[PDB]
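Here's the letter readout for the chains.
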Amino acid sequence: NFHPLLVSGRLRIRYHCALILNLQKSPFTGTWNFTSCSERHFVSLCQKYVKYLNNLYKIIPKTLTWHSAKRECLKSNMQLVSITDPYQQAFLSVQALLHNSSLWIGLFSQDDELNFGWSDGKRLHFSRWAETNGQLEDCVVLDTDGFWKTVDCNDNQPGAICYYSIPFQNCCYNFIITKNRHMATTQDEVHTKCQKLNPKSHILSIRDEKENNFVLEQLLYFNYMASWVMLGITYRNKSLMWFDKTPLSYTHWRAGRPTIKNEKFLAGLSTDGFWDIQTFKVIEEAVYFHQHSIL
Amino acid sequence: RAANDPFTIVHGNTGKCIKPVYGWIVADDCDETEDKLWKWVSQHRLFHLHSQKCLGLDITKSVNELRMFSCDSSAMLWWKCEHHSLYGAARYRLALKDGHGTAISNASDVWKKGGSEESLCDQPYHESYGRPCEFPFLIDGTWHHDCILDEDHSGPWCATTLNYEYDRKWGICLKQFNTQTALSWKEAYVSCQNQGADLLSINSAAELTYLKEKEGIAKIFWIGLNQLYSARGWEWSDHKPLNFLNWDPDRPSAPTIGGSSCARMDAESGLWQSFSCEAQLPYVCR
Numbered sequence: 030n031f032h033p034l035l036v037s038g039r040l041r042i043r044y045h046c047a048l049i050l051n052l053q054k055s056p057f058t059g060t061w062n063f064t065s066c067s068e069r070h071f072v073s074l075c076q077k078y079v080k081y082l083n084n085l086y087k088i089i090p091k092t093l094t095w096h097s098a099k100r101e102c103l104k105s106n107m108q109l110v111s112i113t114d115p116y117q118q119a120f121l122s123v124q125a126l127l128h129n130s131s132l133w134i135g136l137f138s139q140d141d142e143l144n145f146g147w148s149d150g151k152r153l154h155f156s157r158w159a160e161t162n163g164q165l166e167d168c169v170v171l172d173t174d175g176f177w178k179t180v181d182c183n184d185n186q187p188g189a190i191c192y193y194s195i196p197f198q199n200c201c202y203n204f205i206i207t208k209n210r211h212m213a214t215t216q217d218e219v220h221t222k223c224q225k226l227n228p229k230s231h232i233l234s235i236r237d238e239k240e241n242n243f244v245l246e247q248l249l250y251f252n253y254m255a256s257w258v259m260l261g262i263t264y265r266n267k268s269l270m271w272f273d274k275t276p277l278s279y280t281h282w283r284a285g286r287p288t289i290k291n292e293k294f295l296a297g298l299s300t301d302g303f304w305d306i307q308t309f310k311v312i313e314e315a316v317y318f319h320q321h322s323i324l
Numbered sequence: 002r003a004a005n006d007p008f009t010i011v012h013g014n015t016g017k018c019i020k021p022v023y024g025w026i027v028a029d030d031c032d033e034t035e036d037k038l039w040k041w042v043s044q045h046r047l048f049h050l051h052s053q054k055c056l057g058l059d060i061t062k063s064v065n066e067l068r069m070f071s072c073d074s075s076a077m078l079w080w081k082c083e084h085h086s087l088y089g090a091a092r093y094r095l096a097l098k099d100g101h102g103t104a105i106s107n108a109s110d111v112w113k114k115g116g117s118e119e120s121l122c123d124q125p126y127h128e129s130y131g132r133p134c135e136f137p138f139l140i141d142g143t144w145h146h147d148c149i150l151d152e153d154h155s156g157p158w159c160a161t162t163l164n165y166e167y168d169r170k171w172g173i174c175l176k177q178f179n180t181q182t183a184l185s186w187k188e189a190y191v192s193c194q195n196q197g198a199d200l201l202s203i204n205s206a207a208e209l210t211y212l213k214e215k216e217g218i219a220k221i222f223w224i225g226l227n228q229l230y231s232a233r234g235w236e237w238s239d240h241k242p243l244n245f246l247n248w249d250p251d252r253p254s255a256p257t258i259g260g261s262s263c264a265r266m267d268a269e270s271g272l273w274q275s276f277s278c279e280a281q282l283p284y285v286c287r
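Those protein sequences? They're chains A and B, same order as listed. In terms of our numbering, the first sequence opens at residue 30 and continues consecutively. In terms of our numbering, the second sequence opens at residue 2 and continues consecutively.
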C-alpha cells in the first residue's frame, strides 16, 4: 500500500524505516512514509493469532432493491449510506466484509451519470472510485476490495445499510481534456503550445503562497480518474528549473539535494503540499501527463 | 391541583430538545409532541412515554456511553437538578455535542422546559389498602406509566408493588370514606393535596352528627386536626375557624411531651384523643 506520490521508485543506485501518516481527515488517509527510524514515534496496534464516530448505522439483511430498501428503512427515520469521510468508508467496508456481502449504498445522479452526488447536500471531498471503463449506469456499490464499483442498483443485494447523523491573483488558468500520444521531446514544445493560444501566456510559475491552496481546492472537482498533479520543473540548463529564462526562488525539493541529470523527471504535488520529485525509467506514466491532468 | 404532567426538555442556548432513537439520542426535529414525551418517575428517574425506554449511566469502560436501558435492571439510573443544569450519576452533566448527549462533566450547559422559564425540577414527584402506585410498571410485556382504563375493572387501576408479575397485588387509582385503607396521616395529607382537596374541616355539629350515623365508615380515623405551625395550638388543613371541639376527658392531654401532637377521632362515642398519627390508619378528606 504505497501510493505513488511520496515515494520515489526507480533504478536504485543510514537505515530506512517506514510509518503510517494521518492527515486530519484526508481523502487519502493511511499513507506510508519512509524516514530514519532513530527518532521516537508511536505504536498502537499489535497483531496476535450501531454507533460509530458521532454517527448511527443500521443494517438489514433483506434482499431488496435500492428504492425498496430506502422506503423500508426510511420508516425508522433513516437515510441511506453516503460516504464522505475515510474512517466512515473504512468502517462501512469492514462491516460489509464481516457480513460477507456487497450491501447497498445510497446516492443518485441527474444527467447520464455525469454529476454524482450524495443525498446529504455536502460538497464533494472524498473520491475512492474503482475503474474508469465501468461507468455503465448511474449507481454505485461497495465491493470487497473497498472501492466504488459503478453499476446499476436496480437489483437484489443480500442487504442494505442506512445511517443517521480562472482568474486568481493576476493570472488565469485553463484545463484541457483531450487525448494525446506525443511521448518524445517534451521539453521544447510547451512554450510554443501555450503561446499559440494567446499572446503573453507562460507556463504556470509559483510567485505567491496562496495559489497552492487555491489550485488544491480547485483540483478535487473532476478527480474521478485524476490523482496526480504535474509541475513545470524539467531539465533546464543542467539544473532543475522552469522552462522560461528565469531563476527559481521557491524551492520545491523534498530532502537532501537532488542530482537528476536526465532530460526529464516527475515533479509532483502531494495531497497537502509536500514537495515531491520522482525520477522515471519508463515513460508509462503519461496518463496522468496530458490527457486528464492539469495543463 | 398538583400532579405530574408530561413535558419536554429543551436546551437554552441552542433550540434543540431531546429525541430518542433505538438506543441513543438524535437531533431535535422538535416542536412536535406526537413522539417526544418525557416524565418523572420514582427513584428520580426519567421515562419516555411513547418509546417506553428510559435512560441511564453504565459506568463500565473508559468512556461511559449514554445509551438506552431497561427501567427494570441494575443500571443505577437517576438524575437531579443543579442550579441551572442536570447532573446524573456522579457530577456527570448531560453535555451536548451538537446532536448527541454524553457525560463529560462540563459546567456550561442549561436545560429548561418547553417555551417557559423553569428549572424542570420545581415540581416534586407526584403519585391493596390504598397504597400509592408504582410508576412505571411492566405489564403484558410493555411498560406503562399511568393508570389506564380497560374492560376488567370499573375505572383506573394501578400496581402497588415494584414487580406486579411476582406479587399480583393491584390497587385503585385514587384521583370520601376509603375504608380498609390504612395510611399515614402525612401520607394521607400529601395524597389528598395531590388530588387538590383538603382534610376534613368540621364547622358545625350537623355534619358531625351526620357522620356519627354513617355505616360505611371506620370506627377510627383521622380528621386533620394538627399543628403544622409550631407557634400555634391546633389548626385544620385549610384556614377554618376553631370553634367546635370534641376533646376527650379520659386522657390528661399532655401539650407537647408525654402525649403527642396529633388528634385521632373516635366515632363510637365522638372523642378526640391526643396521639401520634405516623402509623397507618383510614381517614377522610373533602
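Wrong hints could be hidden among the right ones.
Distance windows between CB atoms, simulated [to be verified]: (1) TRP304(A) - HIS84(B): 55 to 65 angstroms; (2) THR221(A) - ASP99(B): 50 to 60 angstroms; (3) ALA28(B) - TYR116(A): 13 to 23 angstroms; (4) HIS84(B) - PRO196(A): 34 to 44 angstroms; (5) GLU279(B) - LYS87(A): 52 to 62 angstroms; (6) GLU160(A) - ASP30(B): 52 to 62 angstroms; (7) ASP30(B) - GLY163(A): 34 to 44 angstroms; (8) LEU153(A) - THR34(B): 35 to 45 angstroms; (9) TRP304(A) - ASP99(B): 48 to 58 angstroms; (10) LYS87(A) - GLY13(B): 41 to 51 angstroms; (11) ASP73(B) - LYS87(A): 43 to 53 angstroms; (12) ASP99(B) - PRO196(A): 50 to 60 angstroms.
Sample of chain A residues lacking proximity to chain B, with all beta carbon distances greater than 10 angstroms (derived) [what the hints assert, rightly or not]: (13) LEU85; (14) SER105; (15) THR214; (16) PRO228; (17) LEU245.
Note that these hints are calculated values from the structure, not bench results. Cβ atoms here follow ideal geometry from the backbone N, Cα and C, with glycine treated the same way.
Hints, verified against the model:
| no. | hint | result |
| --- | --- | --- |
| 1 | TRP304(A) - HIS84(B): 55 to 65 angstroms | 56 angstroms, holds |
| 2 | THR221(A) - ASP99(B): 50 to 60 angstroms | 56 angstroms, holds |
| 3 | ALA28(B) - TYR116(A): 13 to 23 angstroms | 21 angstroms, holds |
| 4 | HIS84(B) - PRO196(A): 34 to 44 angstroms | 57 angstroms, violated |
| 5 | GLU279(B) - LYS87(A): 52 to 62 angstroms | 55 angstroms, holds |
| 6 | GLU160(A) - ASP30(B): 52 to 62 angstroms | 40 angstroms, violated |
| 7 | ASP30(B) - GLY163(A): 34 to 44 angstroms | 39 angstroms, holds |
| 8 | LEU153(A) - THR34(B): 35 to 45 angstroms | 38 angstroms, holds |
| 9 | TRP304(A) - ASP99(B): 48 to 58 angstroms | 38 angstroms, violated |
| 10 | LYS87(A) - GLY13(B): 41 to 51 angstroms | 32 angstroms, violated |
| 11 | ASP73(B) - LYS87(A): 43 to 53 angstroms | 26 angstroms, violated |
| 12 | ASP99(B) - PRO196(A): 50 to 60 angstroms | 37 angstroms, violated |
| 13 | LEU85 | 6 angstroms, violated |
| 14 | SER105 | 8 angstroms, violated |
| 15 | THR214 | 57 angstroms, holds |
| 16 | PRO228 | 54 angstroms, holds |
| 17 | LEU245 | 28 angstroms, holds |
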